[PDB]
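Student: Now for the letters of each chain:
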Amino acid sequence: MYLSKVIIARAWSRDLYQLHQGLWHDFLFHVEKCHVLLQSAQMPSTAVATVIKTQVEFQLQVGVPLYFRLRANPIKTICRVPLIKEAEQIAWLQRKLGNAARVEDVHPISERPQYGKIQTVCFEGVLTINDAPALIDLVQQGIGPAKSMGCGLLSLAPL
Amino acid sequence: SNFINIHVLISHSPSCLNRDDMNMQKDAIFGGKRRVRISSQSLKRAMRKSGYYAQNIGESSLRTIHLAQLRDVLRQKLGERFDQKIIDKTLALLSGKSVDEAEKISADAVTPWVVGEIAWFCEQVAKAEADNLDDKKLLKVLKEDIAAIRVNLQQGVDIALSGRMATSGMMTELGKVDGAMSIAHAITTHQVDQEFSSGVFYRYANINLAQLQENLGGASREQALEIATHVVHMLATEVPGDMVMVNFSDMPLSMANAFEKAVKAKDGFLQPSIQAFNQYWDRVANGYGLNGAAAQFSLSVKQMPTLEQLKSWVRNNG
Amino acid sequence: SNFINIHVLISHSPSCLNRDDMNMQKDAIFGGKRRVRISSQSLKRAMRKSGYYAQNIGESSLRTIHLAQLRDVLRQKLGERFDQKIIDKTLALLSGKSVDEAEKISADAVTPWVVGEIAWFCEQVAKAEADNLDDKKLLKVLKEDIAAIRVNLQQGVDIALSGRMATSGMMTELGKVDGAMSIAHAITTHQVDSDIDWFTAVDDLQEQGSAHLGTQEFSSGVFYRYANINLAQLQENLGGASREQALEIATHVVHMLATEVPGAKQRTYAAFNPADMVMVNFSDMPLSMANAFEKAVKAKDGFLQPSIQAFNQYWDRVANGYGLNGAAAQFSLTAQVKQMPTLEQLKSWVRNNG
Numbered sequence: 001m002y003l004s005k006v007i008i009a010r011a012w013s014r015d016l017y018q019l020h021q022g023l024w025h036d037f038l039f040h041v042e043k050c051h052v053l054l055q056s057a058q059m060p062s063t064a065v066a067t068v069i070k071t073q074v075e076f077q078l079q080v081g082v083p084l085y086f087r088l089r090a091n092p093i094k095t096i112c113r114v115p116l117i118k119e120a121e122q123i124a125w126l127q128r129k130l131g132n133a134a135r136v137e138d139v140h141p142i143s144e145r146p147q148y156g157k158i159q160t161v162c163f164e165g166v167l168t169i170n171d172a173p174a175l176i177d178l179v180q181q182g183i184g185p186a187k188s189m190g191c192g193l194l195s196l197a198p199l
Numbered sequence: 002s003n004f005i006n007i008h009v010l011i012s013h014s015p016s017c018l019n020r021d022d023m024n025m026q027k028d029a030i031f032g033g034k035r036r037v038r039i040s041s042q043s044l045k046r047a048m049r050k051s052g053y054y055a056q057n058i059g060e061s062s063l064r065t066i067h068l069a070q071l072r073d074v075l076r077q078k079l080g081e082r083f084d085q086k087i088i089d090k091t092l093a094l095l096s097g098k099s100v101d102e103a104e105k106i107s108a109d110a111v112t113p114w115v116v117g118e119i120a121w122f123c124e125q126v127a128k129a130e131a132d133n134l135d136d137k138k139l140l141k142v143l144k145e146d147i148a149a150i151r152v153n154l155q156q157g158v159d160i161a162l163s164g165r166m167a168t169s170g171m172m173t174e175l176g177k178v179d180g181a182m183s184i185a186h187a188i189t190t191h192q193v194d217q218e219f220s221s222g223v224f225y226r227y228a229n230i231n232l233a234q235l236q237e238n239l240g241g242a243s244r245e246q247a248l249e250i251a252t253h254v255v256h257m258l259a260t261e262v263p264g277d278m279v280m281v282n283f284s285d286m287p288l289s290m291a292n293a294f295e296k297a298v299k300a301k302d303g304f305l306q307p308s309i310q311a312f313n314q315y316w317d318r319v320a321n322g323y324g325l326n327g328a329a330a331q332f333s334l335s344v345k346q347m348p349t350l351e352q353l354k355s356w357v358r359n360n361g
Numbered sequence: 002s003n004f005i006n007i008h009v010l011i012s013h014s015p016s017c018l019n020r021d022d023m024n025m026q027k028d029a030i031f032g033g034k035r036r037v038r039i040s041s042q043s044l045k046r047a048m049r050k051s052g053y054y055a056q057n058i059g060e061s062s063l064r065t066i067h068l069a070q071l072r073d074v075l076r077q078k079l080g081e082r083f084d085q086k087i088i089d090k091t092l093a094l095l096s097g098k099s100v101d102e103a104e105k106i107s108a109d110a111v112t113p114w115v116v117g118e119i120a121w122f123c124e125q126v127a128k129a130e131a132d133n134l135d136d137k138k139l140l141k142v143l144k145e146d147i148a149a150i151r152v153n154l155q156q157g158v159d160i161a162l163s164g165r166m167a168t169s170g171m172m173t174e175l176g177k178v179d180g181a182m183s184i185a186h187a188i189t190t191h192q193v194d195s196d197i198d199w200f201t202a203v204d205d206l207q208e209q210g211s212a213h214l215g216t217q218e219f220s221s222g223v224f225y226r227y228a229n230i231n232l233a234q235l236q237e238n239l240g241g242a243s244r245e246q247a248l249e250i251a252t253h254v255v256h257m258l259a260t261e262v263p264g265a266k267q268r269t270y271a272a273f274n275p276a277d278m279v280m281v282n283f284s285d286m287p288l289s290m291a292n293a294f295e296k297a298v299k300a301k302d303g304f305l306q307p308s309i310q311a312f313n314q315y316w317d318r319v320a321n322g323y324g325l326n327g328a329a330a331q332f333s334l341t342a343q344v345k346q347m348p349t350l351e352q353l354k355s356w357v358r359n360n361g
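Protein chains in written order, with the deposited numbering: chain K, 1 to 25, 36 to 43, 50 to 60, 62 to 71, 73 to 96, 112 to 148, 156 to 199; chain D, 2 to 194, 217 to 264, 277 to 335, 344 to 361; chain E, 2 to 334, 341 to 361.
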């Protein structure tokens, strides 16, 4: 797996839809500022997508505390309507995390809407590793819908 | 001593407490490091809206700027006791805004109101009406006994605790209240970016006993000491959405500087926080020669077995 | 050793102790970086109005520009002592304005008054009235004994410390006072990026959002407080007080500078912190230590600890480089600096002339 720092020329970075194409020329990305973090199965440089820096497969361990950040699209369905309640969001997060890890503490930041509409929510907090390999697959696959719209990328950090 | 300083070292989650306009958790820089923060006005509304407050202190204050839906409410609450005319004149003279059948009338700003206090003014507007008292003269008569008005703040204690500001009408001279309680913004004692740990927040508040007595129309120190105890409880328990220290002094004193150098601990913040608090307290009382009546409740300066004992110790002065 | 210098490092919790007309924290560029700032006039009025002042020093001066209101206050306080005519004339002579029944009589500017001083003048005016001495000769002879006028400033020590300016009446000649104490603006030891408090005002009667929204600037900071006293000038401004009596005033000031905090927004931010270091020395020339923090102090386990290290390191350089001796004592929560474990111990060291 490859962890990267990618810059996508402002000309390209006009709308959300244009974003995944530039990096394509699946994988996972999260917008930092267009500044972007790129998690890819292959090593990532186009004139439309310059690469500042790029390879990692973590050892990890069981029962280990880690900081985490994740943009996601928590929604219901009766159209994919957003989950606005703080309780629903935190419950949503632990659910989709399954048995990979438990949510010790988390702050759900109801991000500003992006453009059909996409209501993103950034979950920040700390986890402890319950199922180590199941956590990796969750990272390498992403979490939630609108995964190509910057959502779904789970970032992890020690303490 | 006139000042009672409350030092709470509560412990809980550093998340989902107090948000800003960007729906992010409030913070603050202290000692050059980030601390999670809960605003003082957040704490105060959490207290006066809680059940404990309603059970021990009484009814909260009606804080509004919409005087038109307000003029409804006092009509539909003081309907019997006062004439529909007088009930409107009172509000008009009080706020300065000429009352009408408008359904949109706004005061200068959001001010806390007390129904009991307003009911009192009506009685004076009543005696005015009967004895003919051109409002200008009436204002003079009422200026002579502010204390006889502050008594009605026993209904709205949160006002007497946190004050009230007015820039319009008769409330300018008669309604200005300087809050008796000074409360800090709650901040963590440690750097919020080893093992997972909960957050340890330092809370500080103090009460001007003499001011509180004055704001309540000349209440006794015993009555004020009672309210003070309720405050100690709410500040030590309530959480928006461990260790308690109380001391008497002639001048207010915060212990926030105990945590100026942020607390570092690989497995739990409470214990080194308490030590940091104790270390600093010793240095301050020693250096500044403070001898006021102190009392500390902590499971790890008269020590107390429980919070309720400390809560009773305070009620008996020192 | 006519000057006693006062150095204070005092750390405050998140607060807004002094703000401008935009309700934003006062600041200052120093060493090329922004420092949160407390104005020297804020400190002085905080001290002037403090409980400690009223019980250790006395009653503070009456500072006003409204002579009609001052006329009524004087007519009340001195009404049993002097005739109404003596009180008026005396006020008219001192202010240079006509004191009648007018609802509004304004002075040139805000002026610090002392009721004891006015009373003393009323007696001279009374006697001059009896000797048929006109106002010109009265002014001529009063100008001969200024010291006898300055005695009354013992009932208004804030004037003796901070001076007085007059542009009308006899105060132009008789009441011009040059302050004995020089005080700096309180400046943070370090660069400060101020925080902002998004606040809200929940209307209990609104179904919508809050009835009012807004922001408020605030921060924490390790402030440096500086001041000094001209002992000779203080003795002078008090009518020729003793060196011991002047030192007594100084120690009260030393106390308040490590203790008193402006009440601005303290009801909702409560940064009631005492000083963490107090330094006092005697010298022939006033000496500030602000250049210890010209290079802004970076945090290393807080701002307080490296601030004091900066202060001490620079203090040693100045003392060595300029051959700076003179009694020096420090109180903290250079071998020449006698360490004081207690503030009270330090205060008595100053009363004892170092």
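Please keep in mind that the hints were generated in silico from the structure rather than gathered at the bench.
Note that CB positions come from ideal geometry on N, CA and C, so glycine has one too.
Hints are supplied without guarantee of correctness; some may be wrong.
Looking from chain E toward chain D, a few residues come up when the C-beta cut is under 10 Å (computed) [what the hints assert, rightly or not]:
#, residue
1, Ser14
2, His213
3, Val262
4, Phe273
5, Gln306
6, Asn313
7, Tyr315
8, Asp317
9, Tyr323
10, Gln331
11, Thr341
12, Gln343
13, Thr349
Student: Each of the hints needs a verdict: does it hold here or not?
Tutor: Each hint tested on the structure:
1. Satisfaction of the interface hint for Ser14/E is found here, the shortest Cβ-Cβ separation to chain D being roughly 4 Å, below the 10 Å cut-off.
2. Proximity of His213/E to chain D holds as hinted, the smallest CB-CB distance being about 6 Å (cut-off 10 Å).
3. With 10 Å as the threshold, the beta carbon of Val262/E comes within range of chain D, its nearest partner Cβ sitting at about 9 Å, so the hint holds.
4. At its closest, the beta carbon of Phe273/E sits 4 Å from a beta carbon of chain D; the interface hint therefore holds under the 10 Å criterion.
5. Taking 10 Å as the C-beta cut-off, the interface hint given for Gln306/E holds, the closest approach to chain D being about 7 Å.
6. Proximity of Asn313/E to chain D is violated relative to the hint, the smallest CB-CB distance being about 18 Å (cut-off 10 Å).
7. For the restraint placing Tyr315/E at the interface with chain D, the shortest Cβ-Cβ distance is roughly 20 Å, beyond the 10 Å limit, so the hint is violated.
8. With a least beta-carbon distance of about 23 Å to chain D, the hint placing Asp317/E at the interface is violated under the 10 Å criterion.
9. Checking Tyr323/E against chain D: minimum C-beta separation of about 30 Å lies over 10 Å; hint violated.
10. The restraint placing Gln331/E at the interface with chain D is violated, with a minimum CB-CB distance near 12 Å, outside the 10 Å limit.
11. A distance limit of 10 Å between C-beta atoms decides the matter here; for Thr341/E the minimum to chain D is near 20 Å, and the interface restraint is violated.
12. Residue-level restraint check for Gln343/E is violated (minimum Cβ-Cβ distance to chain D is 22 Å; threshold 10 Å).
13. Nearest Cβ of chain D to the Cβ of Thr349/E: about 6 Å, under the 10 Å cut. The hint holds.
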